[PDB]
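**Student:** Make a model of the complete structure from these sequences and hints.
Each chain, written out:
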Amino acid sequence: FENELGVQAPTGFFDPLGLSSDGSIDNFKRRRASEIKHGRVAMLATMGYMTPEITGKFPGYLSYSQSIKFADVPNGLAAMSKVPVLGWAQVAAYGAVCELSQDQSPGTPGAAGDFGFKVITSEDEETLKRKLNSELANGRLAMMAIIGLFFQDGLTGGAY
Amino acid sequence: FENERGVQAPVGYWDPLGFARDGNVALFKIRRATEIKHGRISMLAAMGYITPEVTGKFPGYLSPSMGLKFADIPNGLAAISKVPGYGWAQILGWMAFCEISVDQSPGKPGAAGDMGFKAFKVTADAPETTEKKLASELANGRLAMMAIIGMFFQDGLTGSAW
Amino acid sequence: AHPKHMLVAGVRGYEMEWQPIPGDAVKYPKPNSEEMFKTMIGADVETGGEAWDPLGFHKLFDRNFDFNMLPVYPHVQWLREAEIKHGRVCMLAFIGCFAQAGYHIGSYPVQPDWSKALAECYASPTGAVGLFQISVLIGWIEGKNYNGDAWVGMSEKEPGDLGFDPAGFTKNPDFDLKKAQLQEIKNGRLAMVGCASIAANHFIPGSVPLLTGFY
Amino acid sequence: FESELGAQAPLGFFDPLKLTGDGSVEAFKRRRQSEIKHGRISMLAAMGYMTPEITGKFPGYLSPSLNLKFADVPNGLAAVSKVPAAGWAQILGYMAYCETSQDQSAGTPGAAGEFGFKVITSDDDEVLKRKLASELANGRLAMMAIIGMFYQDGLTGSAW
Ligand code: CLA
Ligand code: CLA
Ligand code: CLA
Ligand code: KC1
Ligand code: KC1
Ligand code: KC1
Ligand SMILES: CC1=C(C#C/C(C)=C/C=C/C(C)=C/C=C/C=C(C)/C=C/C=C(C)/C=C/[C@@]23O[C@]2(C)C[C@@H](O)CC3(C)C)C(C)(C)C[C@H](O)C1
Numbered sequence: 034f035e036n037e038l039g040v041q042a043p044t045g046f047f048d049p050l051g052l053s054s055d056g057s058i059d060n061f062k063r064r065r066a067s068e069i070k071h072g073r074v075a076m077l078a079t080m081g082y083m084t085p086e087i088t089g090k091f092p093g094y095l096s097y098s099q100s101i102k103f104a105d106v107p108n109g110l111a112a113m114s115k116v117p118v119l120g121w122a123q124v125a126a127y128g129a130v131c132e133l134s135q136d137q138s139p140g141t142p143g144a145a146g147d148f149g150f151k152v153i154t155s156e157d158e159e160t161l162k163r164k165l166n167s168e169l170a171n172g173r174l175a176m177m178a179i180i181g182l183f184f185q186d187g188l189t190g191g192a193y
Numbered sequence: 042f043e044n045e046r047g048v049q050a051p052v053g054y055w056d057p058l059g060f061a062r063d064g065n066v067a068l069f070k071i072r073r074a075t076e077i078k079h080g081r082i083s084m085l086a087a088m089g090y091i092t093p094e095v096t097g098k099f100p101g102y103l104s105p106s107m108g109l110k111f112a113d114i115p116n117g118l119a120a121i122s123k124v125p126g127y128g129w130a131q132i133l134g135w136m137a138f139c140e141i142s143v144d145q146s147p148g149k150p151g152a153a154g155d156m157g158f159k160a161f162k163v164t165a166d167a168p169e170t171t172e173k174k175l176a177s178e179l180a181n182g183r184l185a186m187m188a189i190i191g192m193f194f195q196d197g198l199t200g201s202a203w
Numbered sequence: 001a002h003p004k005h006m007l008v009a010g011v012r013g014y015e016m017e018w019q020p021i022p023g024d025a026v027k028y029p030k031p032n033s034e035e036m037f038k039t040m041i042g043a044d045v046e047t048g049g050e051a052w053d054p055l056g057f058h059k060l061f062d063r064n065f066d067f068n069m070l071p072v073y074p075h076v077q078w079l080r081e082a083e084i085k086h087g088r089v090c091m092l093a094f095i096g097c098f099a100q101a102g103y104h105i106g107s108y109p110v111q112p113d114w115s116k117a118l119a120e121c122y123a124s125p126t127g128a129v130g131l132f133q134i135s136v137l138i139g140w141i142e143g144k145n146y147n148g149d150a151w152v153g154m155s156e157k158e159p160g161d162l163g164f165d166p167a168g169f170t171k172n173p174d175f176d177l178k179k180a181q182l183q184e185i186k187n188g189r190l191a192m193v194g195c196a197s198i199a200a201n202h203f204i205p206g207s208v209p210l211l212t213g214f215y
Numbered sequence: 095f096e097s098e099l100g101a102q103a104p105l106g107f108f109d110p111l112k113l114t115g116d117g118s119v120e121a122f123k124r125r126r127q128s129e130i131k132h133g134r135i136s137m138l139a140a141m142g143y144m145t146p147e148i149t150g151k152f153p154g155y156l157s158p159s160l161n162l163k164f165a166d167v168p169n170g171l172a173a174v175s176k177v178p179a180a181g182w183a184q185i186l187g188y189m190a191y192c193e194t195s196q197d198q199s200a201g202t203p204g205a206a207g208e209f210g211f212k213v214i215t216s217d218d219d220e221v222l223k224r225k226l227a228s229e230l231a232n233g234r235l236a237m238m239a240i241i242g243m244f245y246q247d248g249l250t251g252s253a254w
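Chains as they are written, first to last, in the deposited numbering: chain D, 34 to 193; chain Q, 42 to 203; chain G, 1 to 215; chain C, 95 to 254.
The hints are simulated quantities; they were obtained by calculation from the structure and are not laboratory data.
Here a beta-carbon is modelled for each residue, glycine too, at the ideal position from N, C-alpha and C.
Worth double-checking, as some hints may not be accurate.
Heads up, simulated DSS-like pairs for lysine-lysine below, C-alpha to C-alpha not over 25 Å straight-line [stated by the list, open to error]:
hint: 1; chain 1: C; residue 1: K176; chain 2: Q; residue 2: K174
hint: 2; chain 1: G; residue 1: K171; chain 2: D; residue 2: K70
hint: 3; chain 1: Q; residue 1: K159; chain 2: C; residue 2: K176
hint: 4; chain 1: Q; residue 1: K159; chain 2: C; residue 2: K131
hint: 5; chain 1: C; residue 1: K131; chain 2: Q; residue 2: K162
hint: 6; chain 1: C; residue 1: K176; chain 2: Q; residue 2: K98
hint: 7; chain 1: C; residue 1: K223; chain 2: Q; residue 2: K159
hint: 8; chain 1: C; residue 1: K112; chain 2: Q; residue 2: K174
hint: 9; chain 1: G; residue 1: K38; chain 2: G; residue 2: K59
A short, non-exhaustive set of chain G residues, derived as facing chain D with CB atoms under 7 Å [said to hold, decoys possible]:
hint: 10; residue: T126
hint: 11; residue: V129
hint: 12; residue: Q133
**Tutor:** Structure (structure tokens):
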């Protein structure tokens with residue numbers, strides 16, 4: 034399996050044991066959807082780890098009923114136990130309307146990261162290649178940095 | 042009936058009384074199955090007497106709730122009261138499962154001693170080695186039957202195990 | 001015979017109908033049931049190698065045509081679907097019963113006892129939201145795999161065939177899926193027996209002589 | 095029966111009383127299956143009975159609910175009554191999966207220890223035979239070693 038937007042500059046078909054059968058195109062398509070979704074979520078999560086620190090936490094409350102404030106929710110893994118769980122349920126609802134609105138069954142465009150977002154799309158198939166591989170490489174670096182920040186918060190006891 | 046297993050070197054076809062000796066092949070099959078099963082259960086009982094004395098009682102409890110601790114229980118015609126009633130029930134249940142899982146009855150392979158227990162691994166296409174093992178099983182079963190009855194009597198008269 | 005209309009249930013010439021869901025076309029079920037039972041996964045050595053169904057619960061759907069020509073009793077396909085679902089739910093329930101007593105995850109009230117955790121999480125302001133999320137997720141994964149039509153023996157899917165197989169199973173040339181299905185079914189029955197034992201111990205102490213100290 | 099594995103440079107065909115009955119190639123095959131299985135089991139047993147001494151007991155609990163630790167379970171024959179009963183049940187379950195997944199009946203790869211481990215292997219048939227004989231020799235040595243270790247643990251107060 035080559036040409037599938039996965040081989041980059043400092044690396045090739047990086048599989049110490051990945052793609053164990055070196056086939057099973059259905060498994061590989063599922064893994065492609067998995068990796069692209071993981072990368073997008075990670076990029077967002079690292080983004081949201083480094084936004085509150087470099088740009089002060091939101092000015093509002095985030096909970097008028099529970100008297101919580103944005104400036105009172107700690108940044109990092111501790112926020113999961115501070116954000117009101119109705120808020121996490123609403124985040125789950127947004128994830129649902131973001132996952133179940135458009136189908137992502139195998140074969141469908143949803144199974145290839147094609148959720149019709151565009152906005153930062155391009156025009157030429159080579160420019161398409163550039164944008165897609167940029168997104169994928171940034172997502173891999175994201176995943177790495179996001180689990181790194183997870184462990185930094187877990188061990189150091191704070192955001193950094 | 043003088044060509045079957047059993048009949049051996051020390052005594053030939055042994056029949057002081059009138060059992061068999063009148064044909065009745067089915068009756069002989071029943072008696073052979075009875076002899077084999079009795080010899081097996083006997084051999085097991087013989088070991089169950091010798092082992093708790095030669096080595097020692099098991100390192101455990103046998104009743105973690107009641108704390109019987111194996112070794113507290115004596116050996117022979119006196120564990121009948123010490124071993125918990127549910128323990129005896131489980132032992133008899135295992136024996137009943139061994140009896141009913143197989144189908145001892147006329148003709149079927151369970152009526153000749155083959156109870157599906159294929160340990161003591163003996164190979165096919167090598168008879169007269171399977172037959173020697175079966176004859177040894179019969180002889181050891183007979184010896185163990187007489188021995189276990191003698192051990193019963195020894196414990197009963199002497200008041201304790203051996 | 002009787003005209004095309006006026007045909008309901010016991011009238012001669014009335015083809016059996018099955019349309020419980022408003023929005024789905026009418027389905028006309030054949031008896032089957034016994035025919036599907038004769039070629040059905042299960043029936044291992046533990047019961048003699050034959051399909052152990054005393055009381056004839058798999059034949060009642062065939063007897064529907066004799067009773068009132070109505071799908072009152074489930075098809076054997078529905079029975080296998082229910083058995084599979086019960087087995088999976090009971091596996092999870094047994095693991096949960098023996099994991100909640102030692103582990104705690106969320107902001108739910110601390111209740112190691114399994115018989116009280118559900119109610120105490122109902123009462124929790126930050127437990128009701130979580131149980132609502134669990135309920136909506138279960139409802140999604142249950143209505144998506146609605147089966148339902150297995151009640152009349154036409155499910156178009158083998159029992160317990162939700163859209164879930166992250167590993168390579170059901171696709172590898174090896175790993176005979178018949179043995180895996182038999183293992184799943186038998187372990188599910190085992191888990192259901194275990195859950196029944198847990199309930200009996202909770203209500204009648206000393207019933208199962210291995211969970212005496214358990215909740 | 096000289097050429098069927100074993101029969102290493104030390105001594106020859108060691109059978110003071112065995113295999114002298116009739117040969118019975120299938121009986122020898124069954125005994126070779128048993129020998130390979132016992133050798134693998136005893137190699138694992140010797141390694142796991144000497145490792146808790148070469149290296150400290152694993153860092154962890156092995157039973158968080160029962161508050162046990164890998165470090166407070168005595169090594170050796172004293173561990174049979176210390177490892178949790180469910181832990182022994184799971185170990186026996188993994189053993190049963192090993193013994194029941196692939197067929198081990200006669201005239202099958204499972205009858206010669208051929209299950210598909212394939213990690214220590216090669217392609218040169220001579221090297222394959224050499225490695226198989228090495229496995230058999232190490233297995234016999236481990237059988238005797240683990241029996242001796244068990245008896246040292248029993249007669250003495252602890253391991254070694
Ligand atoms: C349950 C007991 C039992 C049974 C059913 C059999 C059955 C058989 N034996 Mg056998 N045998 C036994 C015990 C038994 N044996 C014991 C313990 C010995 C060792 C002394 C032998 C030694 C032996 C030899 C040497 C031979 C047989 C042979 C045979 C077969 C010929 C048919 C026959 O006479 O059996 C009929 C079975 C009986 C009559 C059993 C009745 C038991 C009596 C009535 C009760 C009293 C016995 C004893 C003295 C009581 C002790 C306890 C008491 C103090 C309370 C037959 C299959 C022959 C053979 O192989 O033929 C091919 C043969 O040559 N047996
Ligand atoms: C309600 C759960 C449930 C359901 C729907 C099924 C369904 C089925 N089982 Mg099954 N089974 C279950 C639980 C269940 N099983 C449990 C817990 C065990 C362990 C004992 C078994 C053991 C088992 C075996 C060994 C076999 C089946 C077979 C079958 C199939 C035909 C039998 C039939 O029509 O019964 C469906 C109808 C019911 C099960 C009605 C259940 C309602 C009764 C009245 C409840 C009474 C139990 C009560 C609580 C007492 C508890 C007893 C204790 C042991 C727990 C069918 C697919 C056979 C098969 O595979 O055929 C190919 C077969 O050979 N089952
Ligand atoms: C599980 C045990 C086991 C088994 C099944 C085998 C099986 C085999 N070995 Mg073998 N072997 C073993 C252990 C075993 N070995 C050990 C531990 C050693 C090291 C001393 C050897 C050394 C060895 C050599 C050097 C050779 C074989 C050979 C053979 C093969 C032909 C010989 C034969 O038929 O023996 C059948 C198996 C047996 C007779 C094992 C019986 C074990 C006895 C009955 C019990 C011993 C008890 C022990 C000493 C004390 C334990 C404590 C006690 C107080 C409780 C055969 C496949 C030969 C070969 O490769 O042939 C091609 C050959 O040349 N073996
Ligand atoms: C794998 C299934 C299984 C389990 C799980 C299990 C467990 C327990 N067995 Mg059992 N067992 C078998 C199977 C199982 N036993 C089999 C096949 C046999 C061969 C016949 C057998 C033999 C005995 C005997 C002789 C005794 C015994 C007992 C207990 C006991 C203690 C409870 C208590 O005291 O707390 C517990 C927990 C002792 C007893 O005390 O029974 C009240 C007792 O004397 N068992
Ligand atoms: C990335 C977004 C995200 C976060 C960050 C997040 C976090 C938490 N989720 Mg959540 N979640 C989703 C998204 C997210 N969840 C999605 C898409 C689903 C559907 C698959 C889903 C399902 C459930 C369920 C079923 C439960 C649940 C809960 C909690 C909980 C504990 C709060 C606490 O104990 O205070 C925390 C911190 C459990 C709970 O306890 O709620 C009371 C509960 O039962 N979640
Ligand atoms: C991915 C599947 C999986 C899970 C999820 C899982 C989980 C737990 N294992 Mg387990 N396990 C395997 C698989 C899994 N184990 C496998 C393949 C083996 C090799 C045979 C194995 C071995 C042991 C042993 C030896 C013990 C053990 C235990 C526990 C335990 C503790 C519960 C508690 O005490 O909180 C929990 C939660 C200990 C025990 O006591 O269980 C009651 C213990 O002694 N496990
Ligand atoms: C933002 C935010 C939050 C958040 C968040 C979220 C959702 C964070 C998300 C984190 C996320 C998404 C973490 C997963 C990463 C995926 C990984 C690590 C995959 C690795 C996979 C690897 C390393 C595999 C590599 C392979 O080499 C192997 C092994 C075999 C090779 O052949 C093939 C390849 C190359 C593939 C909180 C926590 C809710 C509160 C906080 O306050 C605010």
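**Student:** Are the hints correct? Go through all of them and say.
**Tutor:** Going down the list of hints, with the structure as the test:
no.: 1; hint: C:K176 <-> Q:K174; result: 41 Å, violated
no.: 2; hint: G:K171 <-> D:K70; result: 24 Å, holds
no.: 3; hint: Q:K159 <-> C:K176; result: 34 Å, violated
no.: 4; hint: Q:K159 <-> C:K131; result: 19 Å, holds
no.: 5; hint: C:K131 <-> Q:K162; result: 16 Å, holds
no.: 6; hint: C:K176 <-> Q:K98; result: 20 Å, holds
no.: 7; hint: C:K223 <-> Q:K159; result: 32 Å, violated
no.: 8; hint: C:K112 <-> Q:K174; result: 15 Å, holds
no.: 9; hint: G:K38 <-> G:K59; result: 11 Å, holds
no.: 10; hint: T126; result: 5 Å, holds
no.: 11; hint: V129; result: 5 Å, holds
no.: 12; hint: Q133; result: 6 Å, holds
Violation of the numbered hints given earlier is confined to hints 1, 3 and 7; the remaining hints are satisfied by the structure.
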